[PDB]
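Enquirer: Each chain is listed here by its residues.
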Amino acid sequence: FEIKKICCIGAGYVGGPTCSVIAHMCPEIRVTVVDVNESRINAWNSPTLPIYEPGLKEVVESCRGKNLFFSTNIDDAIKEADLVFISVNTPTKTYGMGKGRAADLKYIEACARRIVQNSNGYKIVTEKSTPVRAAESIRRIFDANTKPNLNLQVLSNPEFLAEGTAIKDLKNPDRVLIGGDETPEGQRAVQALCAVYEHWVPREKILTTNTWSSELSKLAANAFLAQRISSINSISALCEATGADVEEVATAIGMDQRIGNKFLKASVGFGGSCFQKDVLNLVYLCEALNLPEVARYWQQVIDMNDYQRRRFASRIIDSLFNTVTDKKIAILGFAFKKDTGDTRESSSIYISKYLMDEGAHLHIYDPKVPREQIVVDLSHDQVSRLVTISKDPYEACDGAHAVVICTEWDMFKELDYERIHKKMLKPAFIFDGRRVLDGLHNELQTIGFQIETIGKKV
Amino acid sequence: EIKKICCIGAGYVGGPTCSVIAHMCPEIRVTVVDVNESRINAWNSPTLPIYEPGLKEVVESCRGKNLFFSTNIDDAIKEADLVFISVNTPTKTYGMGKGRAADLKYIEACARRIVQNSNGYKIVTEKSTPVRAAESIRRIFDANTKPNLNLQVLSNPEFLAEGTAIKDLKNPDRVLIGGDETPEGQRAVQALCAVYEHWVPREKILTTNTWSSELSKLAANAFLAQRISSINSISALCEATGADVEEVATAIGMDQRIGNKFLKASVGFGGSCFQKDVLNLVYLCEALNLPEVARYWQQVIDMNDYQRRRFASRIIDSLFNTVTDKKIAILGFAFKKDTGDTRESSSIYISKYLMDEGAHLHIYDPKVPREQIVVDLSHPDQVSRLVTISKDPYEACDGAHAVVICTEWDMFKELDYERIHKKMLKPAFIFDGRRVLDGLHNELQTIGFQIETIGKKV
Amino acid sequence: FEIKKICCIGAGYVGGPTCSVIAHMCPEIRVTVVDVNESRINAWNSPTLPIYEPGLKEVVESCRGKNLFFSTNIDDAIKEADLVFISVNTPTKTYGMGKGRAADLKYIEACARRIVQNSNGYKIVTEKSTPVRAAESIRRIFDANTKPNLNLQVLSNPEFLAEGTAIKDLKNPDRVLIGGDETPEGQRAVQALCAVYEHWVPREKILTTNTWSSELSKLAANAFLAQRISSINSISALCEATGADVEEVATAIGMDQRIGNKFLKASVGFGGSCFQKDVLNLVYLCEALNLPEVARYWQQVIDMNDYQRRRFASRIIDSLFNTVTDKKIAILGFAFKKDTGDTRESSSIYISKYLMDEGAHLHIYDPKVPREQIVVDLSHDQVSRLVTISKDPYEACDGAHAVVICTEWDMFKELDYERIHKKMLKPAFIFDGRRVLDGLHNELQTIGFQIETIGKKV
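Chains as they are written, first to last, in full-length UniProt numbering: chain U, 2 to 131, 133 to 382, 389 to 466; chain B, 3 to 131, 133 to 383, 389 to 466; chain P, 2 to 131, 133 to 382, 389 to 466.
In isolation and in its complexed conformation, chain U is listed as follows:
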C-alpha cells in the first residue's frame, strides 16, 4: 500500500547518495542502507563520507540518525522493509563466457537469495544497477523459492547520475525510470515507488516501462552518448585530411535542433567507467542473442575510439621520425576528463602506453590525480625505467621534445608558453588532444612551436 520503510543493499555510488536524498526529501520514511563491508559502513557514519560529492555531507548529516541509517545488519533491515533496493556491484566478467564484456550477476543473485531467506508477506524489490537479465534472474530465484503468504514484486529503477554532480542530478533529474510487469500486481508496485519519487519529482518526469526496457534504456543511453563522441571523432580525421575544422563542423552540426549541441567535442578518445563498458556489454548481448549485424554496428563505436587514440599517438611518433627512445615527453593531463581525479579508461593511459612502447621518457603532470594512481595505471619495471611523475608542469616540459596535452584542464590554457619554449629541445612540438589551446595557435607558432591539434589540418 504505502512505503514507510526502505532497505538499501549496497552502500556505494548506486545506493548511498540515492537513499540519502530519499531520506532528506521524505521525512516520514525510515531509510536503512546496509552493506557487508564494515569499513564502508563506519565511513558513512563518520563525519567524512566515503564518497566525495558536492553537498552530500550536508544531505546525510541533516537526517542521519533521524530517518537515515547505515548498518552492517543486512538481515534485520530486510525483514522490516516495505521496499528493498538492490544496488551492489555488477563487475565485468574476468574469466569465462563474455570475459571482459559481459556483466557478472553474482552479487545480485546472492542478494536475491538473502531476501527470500529473510523476507515475509508483501515486499517490493527494486534493482538499481540494472544490467540486462538482472530482473529476470531475481524473478527466477523468487519463483523457485516461494513460501505461503510470500508475495515479492520485482522492479527495475536504473540510476542515471554522473559523479561530481550526483546531488543536483538526484534533486533535479531529466527523468526517473521505473520498470515493472504489465500485470495488475506489477502496476500496484510501480505506483508505490512512484509515490516515493513524487515527494521531490514531478509526475511529468517519471517514466514507467517494462523491466526489460528500463534495463536496455540505461545501456542504450550510454551507447548513444559514446556514439556521438566517436561520430565527431571520425569527422575529425576527415577534417585533418581535407582542411575542414572539426570545431566549425561540430558547431554547424549542433545548431540543428534535431541534433542538439551536446557531446560534440572532438577529443583524443572518450573514457570513464561507463561508456566502453556499456558498449562492450551491448555488443556481447547481441552476439549471444544471434544479432551479429547489431553487434558489429555497435562495435564500431569502440573501434573508432581505439583508432582515434592510435592515430594520435602515431602522429606524435612520426613527428619524431619514428624514434622516441630516451626522448623526454611531457604528458599534461592524466584524468579521463578535467576537474576530477578519476583515471578509469582515461585516454592518457593509452597514449602513455603507446609512447612507453617506444622507450620514451615520460614526465607526467596532472593537478588532481595522485602519483600513486598514475603508477598503478601504467604498470601491470617499464614504469620504473621510463616514467617520471612531475610535481609541476614546467618541470615536465624542461628539456622535452614534445608536450602532449591529454586532458582539458583549464590551467593548460594559461601556462607561460614562451618560457616553456626556451627550455624545450628544438624542434619543440605541442600536440593538443583536446582543442584546449584553440586561439593561441598564431602566438605559439611565432614563439616557434610546431603546434598540432585534433581535427585541424597541419
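Hints in this document: simulated from the structure, not taken from any laboratory.
Treat the hints with caution; some may be incorrect.
Straight-line alpha carbon distances no greater than 20 Å define the calculated PhoX-like cross-link-like pairs of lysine-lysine that follow [claimed, not checked]:
1. 267(B) <-> 340(B)
2. 94(B) <-> 279(B)
3. 355(B) <-> 100(P)
4. 399(B) <-> 340(B)
5. 100(U) <-> 279(U)
6. 399(B) <-> 339(B)
7. 207(B) <-> 264(U)
8. 80(U) <-> 6(U)
9. 279(B) <-> 107(B)
10. 149(P) <-> 431(B)
11. 149(P) <-> 434(B)
12. 264(B) <-> 340(B)
13. 170(B) <-> 264(B)
14. 58(P) <-> 170(P)
15. 149(P) <-> 430(B)
16. 421(U) <-> 431(U)
17. 207(U) <-> 264(B)
18. 6(P) <-> 124(P)
19. 100(P) <-> 329(B)
20. 340(P) <-> 170(P)
21. 431(B) <-> 329(B)
22. 94(B) <-> 107(B)
23. 264(U) <-> 264(B)
24. 421(B) <-> 340(B)
Chain P regions said to be covered by chain B (calculated; three or more residues, Cβ under 8 Å) [as the list claims (entries may be wrong)]:
25. 100-110
26. 135-145
Where a beta carbon is used, it is the ideal one built from N, C-alpha and C, also for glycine.
Keeping the supplied structure of chain U fixed, place chains B and P upon it in accordance with the hints.
Expert: Just chains B and P now, kept in the frame of chain U:
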C-alpha cells in the same frame, strides 16, 4: 555593399532562397537564371514549377519589382555583385565512385561561364555544397585570370526540408557561410552576412572556412541518419529480449544530452537526402585513405539495409516461406506520411522483397500517384504480373493473407479492421512497420489478427 | 474410430502406388485417389499406368473399380473421407529466400485449405511428402479456419520407397513411420492409421514419433546415405595418392557390423532426385535456424560430391594435355545409376558439361535414356555443335581419344575391347568412373589401353 544578385539555377535550391531574399530586401535586385526556358516561364506563371506552401505569395509579392526570372545568363552575371551557383550535383552513374560520388560537371561549367562574363569584383557562392566544389571553382578562377578580375569564392549550403521551405528560409536554425581565412574571404563573408541580417539575427549566422561548410552539410545528414539506424538496431534487440523500442526511445530521448528528435524506430529511413549523403561520405573516406572512418559510416547504411530485410523476411517466414500467388496488401508507398515523394522509400524495398517471392501485391497510398508507384517498382514483367494499385485500402485488403503497413499515414489508424478481417484469408496478418497501430493490439488480437510490429517481441 | 474411406490428393509416385497397395491389401477400404491433372487421372484408369513399376499394373487392376478409384472430383472425395492423404509436389524454390535449396509449401497449403472448405465432423489428415514445417503449416491453417463440430487431426507419414522397387518396398518395408501429437487426440489418430498398415505390416515394423521427428527422419536418412557415399569418395582420393585401393578399403570397412556393407561403392558422384535436394534442404534449414556449425557440417557432403566430379573431369582433361578442342570422346552411360532411364542429377551431365567447356566432341551412349532427354539435359547451340548421341557403343568409340564410363551398366564389362582399341586414336584412354572394369585391367593394358579408375593409383 551587395545590391545586385544573380542566381544560376532555378531549381529547389535557387528558386525559393532567392525569392525569399528578394522579399526581405526590396533594395536588392535579384535575378534567377536558367538555360531551361520552360522552367523560367513557369516561375513567371501563376503555376510555379515548385510546390511549396507560401512560395506563390512570396514570388508574386516581389516578382517584377525586384525579383526576376530570365533566360539571359550572360547579362545577369556581368552586372551582378554576387553570383549564386545553384545547379544539380547528380550522383555519378559510371566511372570512379559510380553510385556514391557527386558529379561536379555543372558546377565547373558555371565557373567557366562566370569567368567568361565577368570583370572587376564579384563574390561567387556555391549553394549545393558537395565536397570539393569550392576547391574546383577556385581552380577554374585561378587558372583563368584577367587583368582586374577579383572573384571571391564562398560556400553557403541550404538546409531546407521540402514541405517547409518558406518556414525554414524565414526562420533558419542557422545560416552557414564558408570562406577563406584571409582579408579577401573575410570581406566577402561580411557582405553575405549583411544580406542575411536583413531578416536573420546575427547569433544564428555561423561563419567558417569553405571546407567546413561542405563537410557540415554532409555530416549533419549522416548524424541524423545514424540516429535512426541506432534506434532501429535497438529495435531488433528489443524484439529478442521483450523490451519495447518505444519505451526505450522515450527513455533515451528524455536525456537532455541526446534530445527526443529522430528516435522513432521504423522499417527503414528513406528520402533523397540520407543514403546519398552517407554513401558520399563513405566514398570520400576511401578516396582519402580513411578506411576506418569509411567502415564506421558504412554501418549506418548496412543497418538500414538489415532493418528492411529482416522486416521482409519476417513476413515471408510467417507465410511459411511461400508467397507465390498470395495476395498481400501494401499500405503506404511514400517514404514518409504527408507527402507524395517516394525516393528511397522503404515501401519500394519491401515490395521488391515480396515480388522476388511471387507475391500478388495490392498497393494503396492516398497521395502517391499510380504512375509513380509503377515507375518506382520497374527500376532495374514482374510489375506487370504481380502488382495492382488499389484506390481504397479495403479493395487492397479484400482476400489478402497479410496487411503490411509501410508508411505512417494517419488514416491507417482509423480503418475498419473488423471489416477487413472478415474478408481476409485466415490466418490474417498485420505487419506494422511504423508503430502506427500502437494501443490497438488487444483490439486486433481479439478480432482475430496476428499482429506484429517493429521493436516488440511477439 | 475406424478407417473405411480414404482420399488421396496427388496421383504421383507419392500417392498413386501407396494407395493402390492399400486397396489391394485392405478389401474393406474404399480408396479414392484424386488429382487436378485430368491427363494423369485418365492414365491411371487406362490399361497402361502413368508410372512404370514392376507389378504395379497387376496391383491396380486387381482392385481398380472395386475399392480403388481414380477421380478428377477432389471436392467430393474429401467430403466423404475418414482419412485424407496429402501427397502433392513440394518442388525446390526457384526464386526468393532459399532459392534452389528450400522446399516450396504452396501445394500443401492449397490442399490444406481445400480440405477445410470441403470437410465436416471428424477427419484425420496425413501429409506424405513430409518436408520440414509441412505439418506445422497445415496445423496453422486448420486452427485459423475452424467450424462448429470440426475436428481435424494432423499426422505425418513419410514415404521411403525407391523407384524401381516401389511395390516390394511397399509390401515389405524396413519400417513404417507415422508422426502425430503427444496428445490424447493425436494418439487416437495415430492408432487409426496404424490399424490400416497392420493389414500387411507387422506392428514390430511400425514406428510412432512426433510430427517433427517424422519430418526430420526422412531428410536425415537421405543425408546419412549421401554422407556414406561422399565419405568413401573422399577415401578414394586418398587411395589414388597413396597406393591404397578404395575397393579393398571399402570392403574392409564394411565388414565391421557396426558399419555394415551398404552404400560404400565409390563412384564419380551420387545422383538422383533425392540426395542433393535433401542435403541442400537440410543446410538451408540450419542456416535459417541459426545453426551455422551444423550447416557447414552437412554442406561438406555436397562439396565432396562436387569435388569428386571435378577431379575426375580434371584428370581426363590433364591426360589430354589440357586440350580437348575437336577431340572425340565417348561417354558410356548417362543414367544417374544403372538399370534405369532416370538422369536427374546424374554425374554424366556434369562430366559432359566439363568436357563441353573444353570443346570436346562428345559421342554419348546409353542403352535406356532417350536421345531427347540427353539433349535437354545438356542444353540450357553448344549441344548442337559438340554433342552426338550414338546409336551403339562402338559408334561412340570409333576414332575416340578416350572412353569415359560414367554409369555402371553391366554391358560395359562385356564389350569387345580389342576391337574398340583398334578403332581408337592412340594413345587410347579408358577412364572408369564406376569400377565397372575391375579385373580387366591387366588385359586392357596388354591390349594397349591406358586405363584409369576411381580410387586406384596410376
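Enquirer: For this structure, which hints from the list above don't hold up?
Expert: Per hint list: zero violations.
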